[PDB]
Structures are given as structure tokens and as C-alpha cells.
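Using the sequences provided together with the hints, build the complete structure.
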Amino acid sequence: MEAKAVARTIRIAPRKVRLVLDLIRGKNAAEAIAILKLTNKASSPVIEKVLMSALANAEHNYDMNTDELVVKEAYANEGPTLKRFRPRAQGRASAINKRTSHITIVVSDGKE
Amino acid sequence: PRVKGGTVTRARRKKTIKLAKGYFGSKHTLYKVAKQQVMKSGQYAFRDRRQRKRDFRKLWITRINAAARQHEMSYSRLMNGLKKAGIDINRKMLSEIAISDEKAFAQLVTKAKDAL
Amino acid sequence: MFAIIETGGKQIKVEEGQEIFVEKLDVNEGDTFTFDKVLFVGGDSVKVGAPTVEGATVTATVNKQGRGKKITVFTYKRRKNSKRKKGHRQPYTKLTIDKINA
Amino acid sequence: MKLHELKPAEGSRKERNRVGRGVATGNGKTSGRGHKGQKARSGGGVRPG
Amino acid sequence: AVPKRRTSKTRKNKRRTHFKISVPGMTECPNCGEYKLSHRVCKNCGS
Amino acid sequence: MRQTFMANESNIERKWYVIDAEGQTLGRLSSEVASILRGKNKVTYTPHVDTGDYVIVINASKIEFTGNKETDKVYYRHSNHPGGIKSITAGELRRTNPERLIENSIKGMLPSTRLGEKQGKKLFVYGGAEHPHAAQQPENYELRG
RNA sequence: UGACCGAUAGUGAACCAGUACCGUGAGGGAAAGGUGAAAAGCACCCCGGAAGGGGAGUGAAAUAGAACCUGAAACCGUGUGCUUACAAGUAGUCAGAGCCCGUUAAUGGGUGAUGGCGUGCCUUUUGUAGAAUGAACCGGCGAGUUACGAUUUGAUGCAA
RNA sequence: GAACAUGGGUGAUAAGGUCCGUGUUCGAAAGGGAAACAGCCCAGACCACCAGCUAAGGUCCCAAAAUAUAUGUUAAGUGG
RNA sequence: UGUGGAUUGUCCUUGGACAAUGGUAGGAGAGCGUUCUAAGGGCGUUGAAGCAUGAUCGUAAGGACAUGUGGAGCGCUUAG
Numbered sequence: 001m002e003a004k005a006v007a008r009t010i011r012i013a014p015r016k017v018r019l020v021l022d023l024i025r026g027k028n029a030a031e032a033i034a035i036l037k038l039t040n041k042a043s044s045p046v047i048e049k050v051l052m053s054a055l056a057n058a059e060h061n062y063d064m065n066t067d068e069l070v071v072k073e074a075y076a077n078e079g080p081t082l083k084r085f086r087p088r089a090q091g092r093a094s095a096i097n098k099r100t101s102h103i104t105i106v107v108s109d110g111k112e
Numbered sequence: 002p003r004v005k006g007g008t009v010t011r012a013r014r015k016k017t018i019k020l021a022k023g024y025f026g027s028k029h030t031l032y033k034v035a036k037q038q039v040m041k042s043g044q045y046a047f048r049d050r051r052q053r054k055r056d057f058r059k060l061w062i063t064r065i066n067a068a069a070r071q072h073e074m075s076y077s078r079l080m081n082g083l084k085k086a087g088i089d090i091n092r093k094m095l096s097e098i099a100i101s102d103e104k105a106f107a108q109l110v111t112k113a114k115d116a117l
Numbered sequence: 001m002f003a004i005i006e007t008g009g010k011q012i013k014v015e016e017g018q019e020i021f022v023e024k025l026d027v028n029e030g031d032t033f034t035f036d037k038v039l040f041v042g043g044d045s046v047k048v049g050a051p052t053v054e055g056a057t058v059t060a061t062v063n064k065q066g067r068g069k070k071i072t073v074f075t076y077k078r079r080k081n082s083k084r085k086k087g088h089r090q091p092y093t094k095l096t097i098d099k100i101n102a
Numbered sequence: 001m002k003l004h005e006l007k008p009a010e011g012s013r014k015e016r017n018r019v020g021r022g023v024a025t026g027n028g029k030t031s032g033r034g035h036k037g038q039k040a041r042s043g044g045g046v047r048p049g
Numbered sequence: 002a003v004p005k006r007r008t009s010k011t012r013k014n015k016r017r018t019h020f021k022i023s024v025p026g027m028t029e030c031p032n033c034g035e036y037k038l039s040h041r042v043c044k045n046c047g048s
Numbered sequence: 001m002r003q004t005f006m007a008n009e010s011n012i013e014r015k016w017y018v019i020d021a022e023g024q025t026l027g028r029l030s031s032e033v034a035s036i037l038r039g040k041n042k043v044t045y046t047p048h049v050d051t052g053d054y055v056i057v058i059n060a061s062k063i064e065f066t067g068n069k070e071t072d073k074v075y076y077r078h079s080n081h082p083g084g085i086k087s088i089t090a091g092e093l094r095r096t097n098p099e100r101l102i103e104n105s106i107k108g109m110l111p112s113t114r115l116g117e118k119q120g121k122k123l124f125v126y127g128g129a130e131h132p133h134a135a136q137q138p139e140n141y142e143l144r145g
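Residue numbers (the entry's author numbering), protein chains in the order written: chain V, 1 to 112; chain S, 2 to 117; chain U, 1 to 102; chain O, 1 to 49; chain g, 2 to 48; chain M, 1 to 145.
Possibly wrong hints are sitting among the right ones.
DSS-like mimics (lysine-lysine), calculated; alpha carbons at most 25 Å apart, straight line [claimed, not checked]:
(1) S:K41 <-> O:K29
(2) g:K10 <-> S:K19
(3) S:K54 <-> U:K13
(4) U:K80 <-> O:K2
(5) S:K85 <-> U:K37
(6) U:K13 <-> S:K112
(7) S:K104 <-> S:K114
(8) S:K22 <-> g:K15
Which bits of chain U does chain S cover? Going by a derived footprint, with three or more residues having C-beta under 8 Å, they are [as the list claims (entries may be wrong)]:
(9) 10-23
(10) 28-42
(11) 46-52
(12) 69-82
What the hints contain is simulated information worked out from the structure, not anything from laboratory work.
All C-beta atoms in this analysis are idealised placements derived from N, C-alpha and C, irrespective of residue type, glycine included.
Shown next, in the form of C-alpha cells:
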């Protein structure tokens, strides 16, 4: 049995939230939150909230253990981006993109 | 009646991308480069389809020349005497016998040695 | 034991109990073709002959007689506007040896 | 005859020749008009005489 | 001053081989059921 | 396609030979060694696998050459540096480090492929001292065609 | 009424059109259709300040939840079988070990230690691997047509 | 239109120069030899094959085939 | 040259032939597929069109058939 939890649309570049997802992959939940409460990244408290919500999904729906839990998969898909504009010199103007992410995390127990 | 194109331009473009399966880089994704690589593959296969009958032929000669120097003889001489004794044998068969039943080959050398 | 027969336009080597592929023969499926042109015969009695050995190969049962794999032949010019595309399927006959005469 | 098996006279109707539709037809790209000059221009050519 | 050719997905993923972050010290608190920073203190981590 | 024996690994066996260059003329004793290193003297030689045996010399300080090539025929070498032409050694380099002399000569008649470089690592030349490979039971080839 | 169009088509405009917007002014002038048969538009419980999830419930369907019929490429990711740190490369093709597979059943399929051969594509040229021109990639659209005459060829009807 | 070989003019019995004449090849021709080399030598690809005989050029190693035989010539690495 | 096959133009008047089959600008001939109409006969909630995958069939442009996704139309034969 396994539990999952998706955020769906987050104001943060997907390439910047993929640098903190390669540190809590294939580890214990207890050590996972500890590593997320030490990194000084901008996407550290966001991932923690999702990871903390996924651990509560297998405590009321499946009512399983918490100490004997391991994060199985953890990725982040791209989402819709907003188009902006920035005035440059000589009248010409450039373009700005505001991409979003779809952070997802599934928790298992080391067995299918 | 206006005949708008569709389900015919992608059906023929999906048949050229399937032929370029196993290429490195974007030569198995983009169709503009896949067509060029598939257009050269056919020109190569046909060009080395006649070069395969020259490599194997040269291979047998090298093998027969190495199995003829053990009996104090030369390929040129061995062949010359093998044609003077009226013997019709392929170069692929001669080398096949030398690698297998050595006794047979040994006797053949003697037959082409007294025919000189 | 092993003989050196020659059919179609080349020469082969039977082992008295091994399947071989040759050119389209003038027979039918489940027939019996016999090669009357041996160039060499050794293994137990090294017997080499000039034109032949006066010993036609034992009749070999004929099996599958269909077409081969399809190959595509393509060719084009450099800066010229010329190209050609065709398909080929060389026919063949499958048979197995069981005996041998000398 | 029938309206679902009617056939026309042999060698009575032919297909029109469409120019510029490939290189296999033999009448594409230049569409049998040469290379350059004033006879290869759209609506070009001198007066008849 | 301008790229002559475009980079591929293999040469771009080869340059991002060292681009990563290192793990922290994580000085486990003696007895408080929390986590204190290396040579630091917290309101939860007693030690 | 048909029947053509193809030599592979765990099916071929290599041996050890010992040649002596006492009264040889370098070049003539080099072409006969290259063939043995390439394994072009066997009936089961394939051009896609490493076939052949190892060769060992014991007299690289006795090699001789006819003509005035002992004073001429200088050896050049560059170091990828502005004016790095190195020609200190000429034809009388058989007295100082003569092992390289034969080594290069026999390495100049082999293919420059990925398999032609590993085939040139099966040759051991010695100035005049005896070889320490007595646990390989090397056969004495000496006599050359 | 139609061998007329069916959302880049047909009117510039199927919807917020001469409207956003642009110019002192005359003026120029877009983009944008589709949940389901019926809102029955997720009551309730759990994590979070909220957004959004996980169960449950409504329905034939919830990967039909208003980024709402179908959902193709370019592009971005996670898992996994075989392979890679002495090597010079228009990246393929011919031959060929080893290690895994099992089909529209056939002298099957995936991967590739080594060997031989090999300077992209279009245009313009006496001649282009060319250090001559064009194209970042993918998808949609984009060039011998019709009316009336002249001459020649095939087909059919009647024939001085 | 171009090179190659010949027959001339022009220029300096200069030019991968320029203008005519007679042939061949390239243009519109792949394959083998000249180390690489549209125009030089040999030869004109309907398709299959792990068959055989030859042309120019070649036979110590790279790299298919003589470390062939007989006779002279050459001491410069001439060959190159 | 040997052995099997494809196309022609001939020939002889049913398959052995006889020859022949590099190709640019061009000339001539035979075909494949797309949208709509007519007639005849068909398929479809027991799942149409589209989309994805496959080791299949034809001398080429191409054509079938299973399996997954999808939820209402679409093929085939002759001619225009």
C-alpha cells in the first residue's frame, strides 16, 4: 500500500524546485523532514508542507505506521506559464516568463 | 468542393520516423533530419551490397595462403598446380576443409605437387 | 561422411543430417531431389575427383518452398533531381540430407 | 446498361496533365519552362510575330 | 560574441553535473526530540 | 549467410616465441615479426578479433644496416612547442637505449586502430640482457623464412 | 435552393467588432465557439492561514471538476533491461562475439566488445564538403486556373 | 562551356592567359588505378547470391597476390 | 560467365526465346491516394471516425488485421 499528495500549480520555477527533490529521494520520512528543516532554499517549507500532508493521508485512510515509512517517488512536472513584458532601450521591449510547478510525492513502506 | 489536407501528411511522416529507430541525438525525433539519414542509409546498403563479395573472397585467400605455407608451398604455386590437375573447387570450400579435416587438405597438396 | 555438392551456381557442404538453402529447384513440397554432381567426398575415405567421383548425392527430401525476406533498394543523385525505390524477394527452397553415396 | 456498372468508350477520355506536383512526374519545380530568360516569367513572352 | 551553433540535450546535461547543493551537518539534539544546526541552537532542540 | 568459421574468445590459444637479432638487417627482421604479432600465419585468422602470439628479442644491440644509413637516417620528434624539433639521435642511437630503435621500427608496420595498438603491446625487446620470462616457457623461433 | 464554407475556412466581426489597442489628425484595425441527457457544480471526515490535495458521495463515465468532447508533434520529467572514464567521431551502413527477451512464427526481436568503407540537404554554376545562398525546432496554411475564340489529336453519329 | 592531346594566330617558342580548327572524356557517369584529385588511364550500374575468368595497375609490412627464375646496369639512398 | 527472378520492345504467332534497360533541360505512356456527387450493396453502443503500438502484405506511390484509448458515424464496387 502507498499514499500520494499533489500540490497542483505553485508560483516557483520547476528547475529551482528540482534541486531540493534530489536530496529527499529514497530516504526515511523522519530524516526527510529533518533535511528539509535545515536547507535555506526558497522551496524548502513548500515541499515540507506537501510531504507532511502525504504522511497524514496514510494515518487516517490506511492507519499504517509512521516511523516505518520511506518516500518512494518524488518529482515535479511543469505547469501553465504567464507572459510579461519589460521595456528595454531604443523603444524595443523584451519578454518575461513566470513558469509554475506540479510537485508530487508518494510514500510507501518498502513493499507493494 | 474545398479538400483540406489531414490524416495523410502525418501518416507518411510517421513511417519515415519509425525507419530511423536507434539513431543518436535528434536523428530519431525530428523528421527533417530523419529523412536525410534514411535517404543516405539506402545509398550505403546498396553500395556495400557488392563490397561484401570482395571482403569474404579476400578472407578465404588469406586463410588458404597460411595453410599452404606449412607444407613448404605458395598460394600462387598451389593454385597453379591445382588447375593443371583438372580440379574444380571454390576458395570458400578449400579454406573450409583446411580449418576442418586437415588430413583431406594434406592429400590435396600432394595431388597438386606431383601435377607440376 | 561429408561431401561437397554444387547446385544452382555455387558449391555447398552437407553433413548427412543438416538443413540447407539453395536456389528455386524444379520440384514440389514433400518431393525427393537427387544431386548427380559431386566434386569431393572425404571424412572416412578421402576421394577427390577431377570432373566428379561417379557417385550422385543421396536423394534429399524437399521441404518449405516459399519466398525470402523483402529488401528495399534505394538510390538518389546529389544536386540532381533523380531517385529510384524498388522491392525484392529472392525465392528459395528448404531441404534436409539423410543419406550419402560414393 | 445499369446506373451502377456503366462504362465509357475505350480511349475516349483521358486524365489532364498537372504540372508542378513532384519530381517523379517529370514536370515539377521548373514545370518544363527552362531555367531563366523572359519566356520563364509569369505571363511573359513576345507578341505573336 | 554569439553562439555559432545550438547546444544539444546531451552537452547541456553534461554541464549540469556539478550544479547541485551539499547535505547539511544536522547535529542531532542530545535529548529534546528536535534538530539543532551545527554549532548553533533552536527553541525546540534543547542541546 | 552460409558456412564460414569465425574465431572468437575462449576458442583460440596464444604461445610465446624468442627471436635473436645477431646478424639481421632490422627491416628484414621487422616485417617477419609484424606478421606473427598480427597472427597472419594461422588457418583460423579473423580481422575482428586479437589472433596471434607474443614475440621476445634478446639481441637489440647487434642489429646492423648496410649502406651509409648508420651516419644518416636521423630520427625527428616534435613537442608541440615553437621550435621543438628534436633530432639529437641519428643512426648511431644503437649504443644508447637500442630497445626503442627496434620497438619503433616494428611499431611502424602495424595498423593505427584500437585493436592495432593493443596488438603492439605483446612485444618485449631487450638490448642484450636475457629476458626474465622463464615462467612462460617461450619456444625458440630464431630461424626466419 | 446548392458534386458552396464548417472556427488559421466563411464577412474585418458565429463570442465582449468597427470593440482592446495605435496616431496631434485624415486613418489603421486584432485575438477569442464545444462539461453533462439533467447542476444532480463534489454534503460530510483528514492535512494546510489559504490555495490545493486524499477518502467519500452524484453520474453510464471524475485521467467529463468550469486550464472542463477527442488530445497529435516540438519540449520537460521518474522508473527500468543492455552498454560506457587510452579515446580523433557528416555519427550511418556491411560483417560480428557476449548478456537479456518471446512475435502478425520467421533462415525472430532489443542492446553493441572489435573490423572494413564513408567530407549533410536545396539553389545557382565550366566546376560547390565548400570559408557562395537559404532554413532554431514542430504543427496548420501557401503557386499553370476559368470565360470566350483559333489550330491539331483521340472517340462517337450521319455522310456529298 | 571546361580540361587533356595534337594543328596555328596573338603575347615574351610567359600564364590554370586569349581566340579559331580536328578528336575524346566531364557537363548528364557510378565502378577500379594515379596516397587525397569534375576533364588523365581501364571500363558504361535492370535486381538476388558468403560462385568463376580477366583489364589498367600491381605481388617484404600497413594492405589481395613471387622475399619467383635467368641475365646484365648502377654505390648515389641515384631511384624519390 | 554461371544460377534464379522483373519489365519491355520484338518475335512464336504461350512460354522458350531474340535482343535491350546510366542519365540533367525536355517529349511520350501506365498508375496510387485525398474531398464531394450518383447508383447498387454493406458495417455500427455486442462500439464508427480519429489517436497509439506491432516481428504483416504489394515492383513503387500504398493496403489490410488484431490490441489499447475514444463515444457517433463511416467503408466497399463502377463512373463523374
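Query raised in the report: Do at least three Cβ atoms from the region 69-82 of chain U come closer than 8 Å to Cβ atoms of chain S?
Result: holds (count 5)
Query raised in the report: Against chain S, does the region 10-23 of chain U show at least 3 residues with beta-carbon separation below 8 Å?
Result: holds (count 3)
Requested in this report: Quickly compare the C-alpha distance for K10 (chain g) and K19 (chain S) to 25 Å and report which way the hint goes.
Outcome: Between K10 (chain g) and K19 (chain S) the Cα gap is close to 21 Å, so the pair holds against 25 Å.
Query raised in the report: Is it true that the CA of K41 (chain S) sits at most 25 Å from the CA of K29 (chain O)?
Result: holds, 23 Å
Query raised in the report: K54 (chain S) and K13 (chain U): Cα distance at most 25 Å?
Result: Cα-Cα ~19 Å, so holds.
Query raised in the report: Do the alpha carbons of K85 (chain S) and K37 (chain U) lie within 25 Å of each other, as the hint requires?
Result: With Cα atoms ~21 Å apart, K85 (chain S) and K37 (chain U) stay inside 25 Å; holds.
Query raised in the report: Hey, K80 (chain U) versus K2 (chain O), does the alpha-carbon distance stay inside 25 Å?
Result: violated, 51 Å
Query raised in the report: Going straight from one Cα to the other, do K13 (chain U) and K112 (chain S) come out at no more than 25 Å?
Result: Answer holds: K13 (chain U) to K112 (chain S) is near 21 Å, not above 25 Å.
Query raised in the report: Are 3 or more residues of the region 46-52 of chain U near chain S, judged by a Cβ distance of less than 8 Å?
Result: Coverage by chain S holds for the region 46-52 of chain U (4 residues, Cβ < 8 Å).
Query raised in the report: Quick one, are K104 (chain S) and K114 (chain S) close enough, alpha carbons at most 25 Å?
Result: At roughly 16 Å apart (the allowed maximum being 25 Å), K114 (chain S) and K104 (chain S) satisfy the hint.
**Report entry** Coverage claim, chain S over the region 28-42 of chain U, checked by counting residues with Cβ within 8 Å (three needed)
**Finding:** Three-residue rule met by the region 28-42 of chain U, so holds; n is 3.
Requested in this report: Decide if the proposed pair is consistent with the structure: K22 (chain S) and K15 (chain g), CA atoms, cutoff 25 Å inclusive.
Outcome: holds, 24 Å
Checked against the numbered hints given earlier, the structure breaks only hint 4 and satisfies all the rest.
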